[PDB]
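A.B. asks: Each chain, letter by letter, is given below.
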Amino acid sequence: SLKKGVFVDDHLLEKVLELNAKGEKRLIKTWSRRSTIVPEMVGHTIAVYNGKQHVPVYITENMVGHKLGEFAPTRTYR
Amino acid sequence: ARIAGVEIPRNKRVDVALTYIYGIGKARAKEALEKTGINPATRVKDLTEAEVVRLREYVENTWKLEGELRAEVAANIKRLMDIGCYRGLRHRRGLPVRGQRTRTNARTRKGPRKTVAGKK
Amino acid sequence: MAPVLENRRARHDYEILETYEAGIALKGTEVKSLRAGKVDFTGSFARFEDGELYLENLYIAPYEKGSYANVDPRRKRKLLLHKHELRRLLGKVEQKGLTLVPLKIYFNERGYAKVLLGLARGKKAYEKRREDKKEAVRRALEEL
Amino acid sequence: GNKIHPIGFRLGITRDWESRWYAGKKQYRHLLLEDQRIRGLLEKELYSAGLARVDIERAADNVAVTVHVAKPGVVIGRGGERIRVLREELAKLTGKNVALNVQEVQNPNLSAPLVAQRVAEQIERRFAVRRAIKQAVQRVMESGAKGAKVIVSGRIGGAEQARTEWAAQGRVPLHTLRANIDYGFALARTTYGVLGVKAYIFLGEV
Amino acid sequence: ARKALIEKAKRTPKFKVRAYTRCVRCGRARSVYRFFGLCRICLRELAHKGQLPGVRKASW
Amino acid sequence: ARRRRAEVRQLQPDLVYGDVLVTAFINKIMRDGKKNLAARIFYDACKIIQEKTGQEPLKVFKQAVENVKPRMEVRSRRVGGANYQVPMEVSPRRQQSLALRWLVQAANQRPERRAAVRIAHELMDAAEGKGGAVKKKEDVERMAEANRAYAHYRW
Amino acid sequence: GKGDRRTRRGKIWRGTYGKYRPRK
RNA sequence: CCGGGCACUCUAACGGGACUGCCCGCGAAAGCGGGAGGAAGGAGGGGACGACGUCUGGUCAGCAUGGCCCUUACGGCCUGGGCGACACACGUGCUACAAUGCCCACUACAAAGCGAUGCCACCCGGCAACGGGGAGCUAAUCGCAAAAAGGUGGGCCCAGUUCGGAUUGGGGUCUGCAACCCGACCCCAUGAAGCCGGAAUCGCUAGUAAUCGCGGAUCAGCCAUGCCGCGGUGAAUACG
RNA sequence: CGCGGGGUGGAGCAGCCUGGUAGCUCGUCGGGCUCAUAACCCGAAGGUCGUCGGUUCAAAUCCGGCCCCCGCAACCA
RNA sequence: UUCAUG
Ligand SMILES: [Mg+2]
Ligand SMILES: [Mg+2]
Ligand SMILES: [Mg+2]
Ligand SMILES: [Mg+2]
Ligand SMILES: [Mg+2]
Ligand SMILES: [Mg+2]
Ligand SMILES: [Mg+2]
Ligand SMILES: [Mg+2]
Ligand SMILES: [Mg+2]
Ligand SMILES: [Mg+2]
Ligand SMILES: [Mg+2]
Ligand SMILES: [Mg+2]
Ligand SMILES: [Mg+2]
Ligand SMILES: [Mg+2]
Ligand SMILES: [Mg+2]
Ligand SMILES: [Mg+2]
Ligand SMILES: [Mg+2]
Ligand SMILES: [Mg+2]
Ligand SMILES: [Mg+2]
Ligand SMILES: [Mg+2]
Ligand SMILES: [Mg+2]
Ligand SMILES: [Mg+2]
Ligand SMILES: [Mg+2]
Ligand SMILES: [Mg+2]
Ligand SMILES: [Mg+2]
Ligand SMILES: [Mg+2]
Ligand SMILES: [Mg+2]
Ligand SMILES: [Mg+2]
Ligand SMILES: [Mg+2]
Ligand SMILES: [Mg+2]
Ligand SMILES: [Mg+2]
Ligand SMILES: [Mg+2]
Ligand SMILES: [Mg+2]
Ligand SMILES: [Mg+2]
Ligand SMILES: [Mg+2]
Ligand SMILES: [Mg+2]
Ligand SMILES: [Mg+2]
Ligand SMILES: [Zn+2]
Numbered sequence: 004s005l006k007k008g009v010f011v012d013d014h015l016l017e018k019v020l021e022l023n024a025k026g027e028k029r030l031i032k033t034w035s036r037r038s039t040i041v042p043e044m045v046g047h048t049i050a051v052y053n054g055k056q057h058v059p060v061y062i063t064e065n066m067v068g069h070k071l072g073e074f075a076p077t078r079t080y081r
Numbered sequence: 002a003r004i005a006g007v008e009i010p011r012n013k014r015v016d017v018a019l020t021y022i023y024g025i026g027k028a029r030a031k032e033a034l035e036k037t038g039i040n041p042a043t044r045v046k047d048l049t050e051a052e053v054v055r056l057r058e059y060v061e062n063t064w065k066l067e068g069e070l071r072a073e074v075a076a077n078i079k080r081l082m083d084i085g086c087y088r089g090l091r092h093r094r095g096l097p098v099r100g101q102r103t104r105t106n107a108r109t110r111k112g113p114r115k116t117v118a119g120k121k
Numbered sequence: 001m002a003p004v005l006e007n008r009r010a011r012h013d014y015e016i017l018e019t020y021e022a023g024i025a026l027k028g029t030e031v032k033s034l035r036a037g038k039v040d041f042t043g044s045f046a047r048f049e050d051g052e053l054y055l056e057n058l059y060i061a062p063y064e065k066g067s068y069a070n071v072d073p074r075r076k077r078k079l080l081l082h083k084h085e086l087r088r089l090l091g092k093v094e095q096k097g098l099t100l101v102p103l104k105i106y107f108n109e110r111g112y113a114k115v116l117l118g119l120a121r122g123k124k125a126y127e128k129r130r131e132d133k134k135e136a137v138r139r140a141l142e143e144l
Numbered sequence: 002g003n004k005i006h007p008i009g010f011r012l013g014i015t016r017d018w019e020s021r022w023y024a025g026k027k028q029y030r031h032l033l034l035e036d037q038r039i040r041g042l043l044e045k046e047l048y049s050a051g052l053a054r055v056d057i058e059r060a061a062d063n064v065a066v067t068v069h070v071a072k073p074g075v076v077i078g079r080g081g082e083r084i085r086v087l088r089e090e091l092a093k094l095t096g097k098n099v100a101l102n103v104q105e106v107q108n109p110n111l112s113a114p115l116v117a118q119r120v121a122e123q124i125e126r127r128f129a130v131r132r133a134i135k136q137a138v139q140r141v142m143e144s145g146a147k148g149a150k151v152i153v154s155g156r157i158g159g160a161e162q163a164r165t166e167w168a169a170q171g172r173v174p175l176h177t178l179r180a181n182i183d184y185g186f187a188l189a190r191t192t193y194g195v196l197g198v199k200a201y202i203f204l205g206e207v
Numbered sequence: 002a003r004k005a006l007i008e009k010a011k012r013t014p015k016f017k018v019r020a021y022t023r024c025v026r027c028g029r030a031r032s033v034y035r036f037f038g039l040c041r042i043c044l045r046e047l048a049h050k051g052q053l054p055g056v057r058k059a060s061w
Numbered sequence: 002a003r004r005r006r007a008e009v010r011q012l013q014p015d016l017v018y019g020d021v022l023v024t025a026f027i028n029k030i031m032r033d034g035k036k037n038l039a040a041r042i043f044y045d046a047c048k049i050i051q052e053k054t055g056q057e058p059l060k061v062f063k064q065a066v067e068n069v070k071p072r073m074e075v076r077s078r079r080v081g082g083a084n085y086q087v088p089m090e091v092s093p094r095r096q097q098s099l100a101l102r103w104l105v106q107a108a109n110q111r112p113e114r115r116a117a118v119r120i121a122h123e124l125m126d127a128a129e130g131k132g133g134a135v136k137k138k139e140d141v142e143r144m145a146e147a148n149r150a151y152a153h154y155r156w
Numbered sequence: 002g003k004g005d006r007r008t009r010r011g012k013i014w015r016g017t018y019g020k021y022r023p024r025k
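Residue numbers (UniProt numbering), protein chains in the order written: chain A, 4 to 81; chain B, 2 to 121; chain C, 1 to 144; chain D, 2 to 207; chain E, 2 to 61; chain F, 2 to 156; chain G, 2 to 25.
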């Protein structure tokens with residue numbers, strides 16, 4: 004789906020581009036799970052929000068063309 | 002005559018006989034028989050061996066199949082079970098993934114109903 | 001060692017919406033009597049006092065090996081829940097008009113006693129009797 | 002789960018629509034909003050005059066808001082000024098030419114929307130309930146009608162059990178389409194609850 | 002929560018997907034009609050009173 | 002029905018034969034409102050009849066219906082203790098229905114695989130006397146007439 | 002049958018159009 | 001499609017027509033059995049219609065409402081999640097388990113509908129969903145729209161199969177700020193369970209059952225196989 | 001204190017044959033029936049076969065021997 | 001004609 008957009012957020016995109024300034028810190032607390040893993044902007048562990056708390060997914064190159072909400076699983080009993 | 006892997010059909014029409022090769026279904030078997038150029042309704046008990054290899058040169062060289070495909074499907078599954086994407090988890094415990102309800106259904110991703118349940 | 005007990009009148013009185021396997025912190029000796037069956041819940045539920053649940057007004061016999069080490073028998077014992085469950089029920093008391101009654105005191109594989117709490121609504125089965133003749137006719141004489 | 006509404010059972014025949022106008026999908030919701038809001042103004046604030054129905058029409062920007070009142074002495078005014086202020090009120094919620102035609106009833110007891118309101122005023126005035134019912138049916142028959150039935154629903158007489166009392170004199174043929182049984186309904190909002198007065202008035206048949 | 006929501010149906014300065022229509026007389030958010038704008042209950046009690054022109058008990 | 006006599010739906014006469022047995026056979030063949038396929042099946046069946054046997058397209062079928070037509074059929078009646086299975090003789094206005102329904106069931110269970118040749122090989126063997134439908138007739142006329150012991154309940 | 006998404010009747014049951022059920 | 005034009009089918013008003021009306025048999029009368037004519041029969045077939053009241057039936061979560069309770073929160077706003085979770089059980093349906101069946105092509109045959117920020121004809125592009133132009137429609141006038149089942153003649157050949165289409169991977173298009181929880185479709189792989197079903201049980205007495213599609217509602221999309229309607233083909237039986 | 005006899009599904013029991021092939025009733029779980037529980041009907045499932053060591057290719061089966069349970073004796077003085 | 005109870 005979704006071939007006419009980069010579908011990244013006006014605050015997650017700004018934060019990862021500002022935190023890619025020559026290498027920076029690691030904390031980025033997002034609430035918007037809908038945004039994708041910013042392609043070629045991987046590396047910084049993002050604290051996604053399944054509702055109960057912020058799970059700190061360390062994003063890797065095997066997870067680049069996915070969304071951030073896959074890594075905040077919203078239920079128990081896997 | 003075997004085609005790909007070892008998957009040999011006999012005594013059947015060729016344009017569904019190709020379907021027994023994994024990775025070829027009904028649509029690819031419709032397409033890449035007249036695409037090479039074969040009457041797609043010749044029973045493979047009588048298939049000319051020159052036409053068998055003129056078919057096989059399109060079967061193996063074009064798209065990936067049983068083994069090199071099957072293994073990439075399984076590697077996609079193992080890649081999905083990575084740290085915990087939501088589709089690689091629930092492959093990790095076999096539940097369904099693309100929006101299936103599981104309250105009552107999902108007997109083809111679960112089992113054999115383990116009927117250990119029930120109140121008093 | 002005791003089997004499942006019974007809150008007889010509460011099982012046959014209050015509508016059990018849902019249950020919890022709660023816990024009881026026994027304050028030192030009231031154990032073997034509850035392990036032998038001495039418990040009567042009549043006139044008791046589990047009441048909060050602004051932070052936590054106490055199983056109120058439960059009579060258990062002081063055990064007769066403690067010749068003078070007895071306990072005040074009908075007291076408020078410190079019940080056990082989880083914390084989000086505890087503040088959940090603390091909210092739900094004022095949200096829905098509940099009463100929190102036990103159902104049984106049953107033991108687990110740790111050899112511990114757990115008081116199976118359950119919610120109430122009342123289950124209003126009490127028949128408000130239809131009016132007899134000698135009041136309906138004087139209401140009608142008022143209506144004259 | 003019974004007895005469908007004897008206005009809407011008749012409604013196609015023997016009985017007019019109380020609001021009759023027209024437009025398609027574009028302005029039907031938008032007309033109905035102001036047609037409900039005009040009535041929410043009137044029925045809340047003209048009840049002292051005892052309005053029965055609000056026949057609302059519009060041919061093209063001529064909102065005939067012709068109401069049916071028993072006593073227009075507090076819906077017109079002495080020489081007419083409450084009618085004037087009420088028309089400038091009806092201009093405030095719809096800008097159109099809101100011609101408000103008050104029209105009196107030919108007998109204020111053959112109109113079920115006012116008999117039921119009168120019973121509701123008796124209940125909210127704390128009168129005796131079945132005395133009010135058997136009086137209202139008798140006042141309807143002395144006004145002269147073929148048959149009446151005033152169902153007054155529960156919490157009756159300040160009780161706790163809620164029975165429904167009713168009384169009839171004459172015939173009330175509900176299932177007959179040609180009957181022209183007028184129907185009125187009015188809440189009563191006293192202390193012990195909501196007393197729902199209904200009243201059926203069997204006028205001339207056919 | 003319905004006096005909030007019968008005005009939340011009015012106000013939209015945010016996205017235009019959240020313009021769910023709410024009922025006019027009552028405040029029901031289900032079965033509200035893209036015609037009249039009443040819900041099915043307000044539609045039934047207005048069609049039976051006769052405050053909707055043209056509407057009628059159907060039998061075909 | 003319980004009150005009245007419940008008179009039977011008058012059928013149509015058929016087109017090519019002008020007969021009333023054949024239309025009830027069309028109806029008993031007819032699966033899920035598909036009469037234009039069912040009577041198609043029957044006319045292919047009489048074509049296979051005219052191919053195989055030098056007979057009429059209708060005569061082998063009518064004689065098959067007659068030679069599958071039951072007379073004594075067993076009906077259950079609970080008469081206290083053990084529900085007896087009482088024999089009774091059948092009105093021909095029910096014999097026709099039982100006969101045609103047995104023909105369709107035995108023809109559909111008959112081990113040929115195509116539509117009208119199943120009915121062809123069934124009507125041939127039923128007009129002969131060695132078919133599954135006449136086997137079922139003899140089955141029910143051996144249930145009754147050997148279950149004759151409780152026939153004194155005529156009901 | 003009809004739950005299939007790649008035939009004629011399987012597409013007319015789902016209602017939509019495709020390679021298997023085209024637009025004229 | 002018009003040039004001539006409305007004959008008709010139709011449309012939707014207004015009317016008529018069917019009432020034991022006729023005649024016979026039975027019958028105290030009501031009425032019943034039959035016949036004739038009629039298009040129709042003995043409530044012509046269906047709707048709407050549901051009495052006094054019961055179940056202290058259901059709904060304070062459609063609304064209105066007495067009472068009690070919350071009033072820097074049990075109110076209010078938002079972001080995100082959930083309402084979709086799953087060891088199993090149940091109810092209602094859908095497709096199936098095939099050759100009367102399935103697949104491709106081609107040609108027919110409906111009513112009911114619904115649409116100015118909508119329906120989108122007809123092109124171009126893309127296998128396709130759809131995308132870019134844009135005709136017509138303020139709609140018996142243009143559109144959705146294809147009707148499907150049927151029929152035609154080509155395939156399959158009793159095979160878990162060209163039955164089945166669940167599942168899973170991949171490529172995508174639309175809506176929407178947003179499809180990961182959780183949308184719909186498209187395409188290509190995948191091809192499982194399932195070979196007519198236990199004990200039990202349900203539905204149906206005529207255009208009914210069965211089978212087949214179509215429309216609408218709500219609606220951005222949609223969960224739709226549901227619901228509400230529409231027609232196509234169209235039975236068996238009711239001894240009692 | 002010494003003989004001999006058992007140990008098998010939640011319980012009560014068949015058993016298991018030189019060892020390889022394990023069940024019966026009730027109970028259980030799910031369904032069906034019923035307004036609902038009974039009863040009845042339908043689908044399965046459940047056991048380290050007293051622990052332990054022994055020869056055996058392999059033990060529940062055969063050989064010991066140890067712990068609980070049963071039946072016996074414990075007499076002459 | 002079987003068949004126990006709320
Ligand atoms: Mg899901
Ligand atoms: Mg006990
Ligand atoms: Mg009492
Ligand atoms: Mg009482
Ligand atoms: Mg007394
Ligand atoms: Mg007061
Ligand atoms: Mg919406
Ligand atoms: Mg017997
Ligand atoms: Mg017959
Ligand atoms: Mg298929
Ligand atoms: Mg065409
Ligand atoms: Mg009729
Ligand atoms: Mg109740
Ligand atoms: Mg209230
Ligand atoms: Mg509530
Ligand atoms: Mg309200
Ligand atoms: Mg709030
Ligand atoms: Mg839900
Ligand atoms: Mg089903
Ligand atoms: Mg098919
Ligand atoms: Mg529409
Ligand atoms: Mg375009
Ligand atoms: Mg139109
Ligand atoms: Mg039309
Ligand atoms: Mg797929
Ligand atoms: Mg079946
Ligand atoms: Mg049975
Ligand atoms: Mg539709
Ligand atoms: Mg739904
Ligand atoms: Mg066993
Ligand atoms: Mg034992
Ligand atoms: Mg059981
Ligand atoms: Mg001695
Ligand atoms: Mg018996
Ligand atoms: Mg008995
Ligand atoms: Mg008893
Ligand atoms: Mg009693
Ligand atoms: Zn409403």
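Hint data in this document are derived by calculation from the structure and do not stem from the laboratory. Among the hints, erroneous ones may be present.
Keeping only pairs whose Cα atoms sit at most 20 Å apart, straight-line, the calculated EDC-like set for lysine to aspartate or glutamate is [claimed, not checked]:
#: 1; chain 1: F; residue 1: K60; chain 2: F; residue 2: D15
#: 2; chain 1: D; residue 1: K45; chain 2: E; residue 2: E46
#: 3; chain 1: A; residue 1: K70; chain 2: B; residue 2: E67
#: 4; chain 1: B; residue 1: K121; chain 2: C; residue 2: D50
#: 5; chain 1: B; residue 1: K31; chain 2: B; residue 2: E67
#: 6; chain 1: B; residue 1: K120; chain 2: C; residue 2: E135
Calculated from the model, a selection of chain B residues having no Cβ within reach of chain A, i.e. all distances over 12 Å [as the list claims (entries may be wrong)]:
#: 7; residue: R3
#: 8; residue: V17
#: 9; residue: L90
#: 10; residue: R108
#: 11; residue: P113
Backbone N, C-alpha and C define an ideal beta-carbon position, used for all residues, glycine too.
A.B. asks: If you check each hint against the structure, which ones fail?
C.D. replies: Numbers 3, 4, 6 and 9 - these are the hints that the structure violates, sorted from lowest upward.
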